[PDB]
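Asker: For this one, chain B is given, so just place chain A on it according to the hints.
Number of protein chains: 2
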Amino acid sequence: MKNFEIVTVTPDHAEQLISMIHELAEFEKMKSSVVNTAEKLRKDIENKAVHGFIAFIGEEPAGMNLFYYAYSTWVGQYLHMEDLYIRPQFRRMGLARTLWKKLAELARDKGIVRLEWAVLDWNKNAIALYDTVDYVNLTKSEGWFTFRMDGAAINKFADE
Amino acid sequence: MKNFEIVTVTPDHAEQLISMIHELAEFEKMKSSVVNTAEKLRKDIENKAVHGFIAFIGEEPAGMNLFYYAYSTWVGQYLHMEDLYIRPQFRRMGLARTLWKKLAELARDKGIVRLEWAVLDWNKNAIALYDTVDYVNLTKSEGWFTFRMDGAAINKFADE
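Chains as they are written, first to last, in the entry's author numbering: chain B, 1 to 160; chain A, 1 to 160.
All clues stand as given, with none of them false.
Which copy? The list can't say, so a pair holds if one copy fits it or any two copies do.
The calculated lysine to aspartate or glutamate pairs, modelled on EDC-like cross-linking and capped at a C-alpha distance of 16 Å, are:
| id | residue 1 | residue 2 |
| --- | --- | --- |
| 1 | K140 | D121 |
| 2 | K2 | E59 |
| 3 | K140 | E116 |
Quick caveat, the hints were computed from the structure, so don't treat them as lab data.
Okay, chain B solo, but in the shape it has when bound:
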């Protein structure tokens, strides 16, 4: 057996992480939106802006998994999963899912009764993977829209 160890994230890794945020600049087709550098990522891991796991193989990174803590006035705090990526040459070795499982474990160890994560409708890989658990699609079941409001509109709405 090959040795995937999962390490939780310290800013020491932000280098490795910042690489894996650029690779993915290719694949989900939103390649120019890169404004979180390696340095800014450190300070974010430090100030607990973000959390994560890295899976390494031997001495190389193979995949990551970022996640922050979010709140819901019905249950209290929960976990949201942000990135869940595997460098190409390591997909379908089940790392994919394992990094998803340590966060599940972290949710148990913390009593958190809610994971969330968002995914593209056409991204049938992630659905394929996510299909191997019991989850609810919030969008369909309850009809929630997520609205976003980017920076230019953030400003003029404040400077009215």
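Answerer: Positioned in the frame of chain B, the structure of chain A alone reads:
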């Protein structure tokens, strides 16, 4: 003119805040989903897990705007507005949006370049407001599902 004052949420407010929560789950046809208490919440405002703005008129609570800090791998830390409710006898008095501003002023003041929030598809009153700013509908335009996994599911997958 009629006076509405907005002060930032202190742990001391959790009493008034838990009440409005119930009114909103009541309105959003989800009375059961709520397990959070004032005193549980009372810890949660101390711990900077949630932030808010309460609207009082005289000494009566009217509405509230609660929110947490989310992280996108692409744009660092941004704000997510979880819950925004006005008591019924205080609608049509503008708070709706005003409470909403102090969160965009803050997002500006902290230099944050995205501001997300969600609503049900049938709550056309809530969209009625939201249509007076520039927002993207990430569900309908880009087809984003949000997958939830509750606690029963979280344990069953973490316990493999």
